[PDB]
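Every protein chain of the complex appears in place save one, which is left out.
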Amino acid sequence: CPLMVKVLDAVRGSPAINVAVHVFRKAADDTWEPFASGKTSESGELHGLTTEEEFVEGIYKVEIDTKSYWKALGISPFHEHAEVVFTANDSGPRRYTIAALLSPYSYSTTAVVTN
Amino acid sequence: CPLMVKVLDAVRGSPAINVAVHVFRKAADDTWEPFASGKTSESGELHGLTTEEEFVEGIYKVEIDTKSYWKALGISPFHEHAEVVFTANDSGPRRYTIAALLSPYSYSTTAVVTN
Amino acid sequence: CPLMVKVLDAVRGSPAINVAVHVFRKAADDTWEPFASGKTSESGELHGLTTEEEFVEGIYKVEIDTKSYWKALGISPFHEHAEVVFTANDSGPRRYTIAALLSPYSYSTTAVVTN
Partner (left out) sequence: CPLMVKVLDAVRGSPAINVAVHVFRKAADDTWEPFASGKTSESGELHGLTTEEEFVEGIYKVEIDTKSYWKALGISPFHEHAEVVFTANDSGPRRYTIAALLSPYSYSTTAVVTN
């Protein structure tokens, strides 16, 4: 499991369920190419985005579609989406978990990098 | 300013106004003695809690009454309050800003300490 | 599993391992009585604090011993501990997860309440 995304809802105190997540990898010409995507589960998690073979070193962007999430709950949001941009490095630990905690006008994101 | 408290509302993207704050200082007998209190202004800031003279070395607890804030807005939140516990002035006088960012089921708190 | 605690380290991007956690329940005379305690595991989680039978409605305090955590890593911290105070209510969902994200001068805490 090279890359996992976990999302929490700070207003309801719950996993953020059915949130669209898009992962991109930066191409040689500096454009962002679609890499993987999915929707978070009932546990707020998104598994199976990629494989060890495909997840090579490079610069990745994870876009979490927070605006649509809040709108589906009838709550007025600030951001278009939450964005997490990072370099994958083979030097460090092998599993990346991108965690996000969502409020209508604020979010935090943390990388948990483990073996 | 020896001690300032600032509170923001992450649902509205606004200062958190009229938030009650109580400060305690640990006494010689290990009990929490009342030290100062007040409420946040329209800027979400609380000034004038204490003075350079009165704000001696000690262990302090800043209780931010988040439940009363949310309930006055007609919201049922998770926490009773946010509690911020820290040693102050152990290396001489510092200026402390205790900030808090509030959501119904989550909060963050940060200290900014200047010499 | 009525109550679980999960702690993350924002500096290292890792679970916060071997963090002491103390849970208290408020007594009739307003004092805090020890209720349960433990240390977080290699995954940053603390399971088995209590049982459904013992975890009755009431006001609880969870103290996460952040100062000792940072000192064991050789990093200079601000807070004595992180404190999470809440009322357990049988009305809502049945499992409480108290999550905390730690930095030397800041922390956030979120309640994830699920069935």
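Letters A, B and C mark the chains as written, and numbering starts fresh at 1 in each.
The criterion applied here is as follows: contacts are C-beta pairs under 8 Å (C-beta built on N, C-alpha and C of every residue); 3 or more make two chains touch, one makes a residue touch a chain.
Check C:101, C:111 or C:113 against the missing chain and you find that the one touching it is C:101. For chain B, the residues in touch with the chain missing from this view are 8, 10, 13-15, 101, 108, 110-114. One chain of the complex is left out; on chain C, the residues touching it are 8-14, 78, 101, 103-106, 108.
Residues of chain A that touch the chain left out of the display are 59, 78-81, 83-87, 105-113.
The rule is simple: only the chains that are shown with their structure count from here on.
The distance from the centre of chain B to the centre of chain C, with each centre set as the mean of the Cα atoms, comes to 20 Å.
Chain C has residues 108, 110-113 in contact with two or more other chains.
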